[PDB]
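As a starting point, one isolated chain is supplied in structure tokens, in the form deposited in one PDB entry.
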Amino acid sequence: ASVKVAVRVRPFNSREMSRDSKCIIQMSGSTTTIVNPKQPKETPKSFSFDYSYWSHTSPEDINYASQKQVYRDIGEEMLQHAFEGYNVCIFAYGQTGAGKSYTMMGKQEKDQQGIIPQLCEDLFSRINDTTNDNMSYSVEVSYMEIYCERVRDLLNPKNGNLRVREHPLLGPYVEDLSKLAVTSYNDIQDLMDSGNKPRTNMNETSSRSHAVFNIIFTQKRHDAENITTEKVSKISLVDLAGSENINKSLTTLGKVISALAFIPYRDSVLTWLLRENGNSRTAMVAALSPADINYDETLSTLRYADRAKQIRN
């Protein structure tokens, strides 16, 4: 069906506290409100979404949205539809340091694993609990980075510009991008890390880079009668670029993001590549900063998140 949209507000960072910023994001129910610091007179505009996560405070707080809480709703839902044979897409949208990479990948400790790891772990959990001998599964994963229209394989750095292609009958694809068959959450977890630090001004991870991690979940159902049925699902869990080198992919997105449900799909590697996410079940988690000093940026995203929700594949 349509596209579920979720938003999140993180705690203050070092920069926000160093400027003594104030919280300008409020949330109650599924509705999030935002206040204008440089115009405290204007009416705080409120937006409503499928999820308005409050994670400003801390895991000590009761009304804090733990990453386990955000997975269970969105993630644990997409896996369900993946299993249902459907194509899924979860992409973190936001400002640099807004909380995308923490929402998606997160941290390896304190039960701080983002959406991605939780989906993986849950995928294999759901798989080894399989009693029906008539079932066999296949799980091949990829993990690339799109830094300014160029595609870079995070799992095979031992090489690349990697061209994005368009199969005459099988849509776009990054040729020579590796796909690695895994047989456990451990094997698919290593690929993550080794692929993580891989990612290509500012310090650490380039603000302007998209990191797509895709899983081709393949299910095989046999039966003595007498053919084995096969239904495959493609799982795209993305980590978009800071919504602000060129990374006009994200800007090109805004255009594609609009006109929900022509469309300049080929104006950017990202928009073209995730063309189907089309026939797919997509989720968008917008990462928001509680900082007043982010008035515009934070508002922008919201407006973006409000439009995306208006989509429906």
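If you superpose the two forms and keep the largest set of C-alpha atoms that fall within 1.5 Å, you have the rigid core. Residue numbers count along the first chain shown, from 1. What changes on going to the form deposited in another entry:
- For the residue set 57, 36, 46, 251, core-aligned C-alpha shifts between these two forms reach 2 angstroms or more at a single site, 251.
- Taking 2 Å as the criterion, residue 178 does not count as shifted between these two forms: its C-alpha moves by less than this amount when the rigid core is aligned.
- A displacement of less than 2 angstroms separates the C-alpha positions of residue 189 between these two forms, with the rigid core held in common.
- After superposing the rigid core, the Cα of residue 206 is displaced by 2 Å or more between these two forms.
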Second form
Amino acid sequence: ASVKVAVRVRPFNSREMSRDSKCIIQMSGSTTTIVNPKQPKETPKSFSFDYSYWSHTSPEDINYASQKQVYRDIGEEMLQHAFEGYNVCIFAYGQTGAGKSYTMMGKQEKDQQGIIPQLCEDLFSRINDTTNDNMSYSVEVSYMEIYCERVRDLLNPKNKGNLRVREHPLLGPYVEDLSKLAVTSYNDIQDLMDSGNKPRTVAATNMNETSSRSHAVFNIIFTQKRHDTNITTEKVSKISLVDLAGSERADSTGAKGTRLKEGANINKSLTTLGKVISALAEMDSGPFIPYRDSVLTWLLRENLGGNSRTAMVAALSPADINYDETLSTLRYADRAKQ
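Next up, the form deposited in another entry, please; the one we just looked at was the form deposited in one PDB entry.
Next comes a single chain, given without company.
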């Protein structure tokens, strides 16, 4: 498939604990139902996706959907496509606190590594098994945040907030002066995003709370070079893993505490991405897009191409108090494919 969509509900969080929240999410197979806390006497509204991940309990539960599961379904498939020579893209979408970061990066602790860590590990693991002595590989990485059309290099503490995206007359869009580092091992790449991840939540990020109102993009350019007598062949694929800004922040009217240039940019970004993805889906059903409408869809143009593969995971809170924005996330994920 050219587009894949999954939704994932998490355990109650602290806010939901204090409010004595009831669970309004249910799942069976690839289907998720959502109840209206006001009309609990109703028939839940249903939605179907490629995957409906029930992660509301804990790994102690036999039917808890774990980080390894989510990854073997979505991540593994994408990395395989990447070895074929094609670009891929994984997006985590949802309201602030729903589970986007946990799904993408997760926790360094045993058992909770997100999709990025597992994908990087799987990548070097497959690479190190290459017995063919006529095989050469290169892995370059970039880690950045997109805030109000401005890019912050997460891999370099001495040039942030200011980077701007450009468009090469022939090569495509690119961030000027963005660090792109060649890594030769997993322990190495594991340091870069550990380093990039802390940059995401240092005390200073709470000024504009860029942790939840910016898009975090982890890019990996994977080059494969084959040797045969004589020409050497080269396959280069781009992999973009993204932790989108919060969906409830898509408001550009002042609610609630979110600034105009902030939500405007976020609404525009999530809306455009929605058009691009559904557009890619209508396309793959039968068997040019407004990427310029947002810095995010513009920078990732080549990953949302024609032979590109994309997957999205929409994170969902299970709480009654988040019905509105959770319904809103189901619809958004629903439109992306349907």
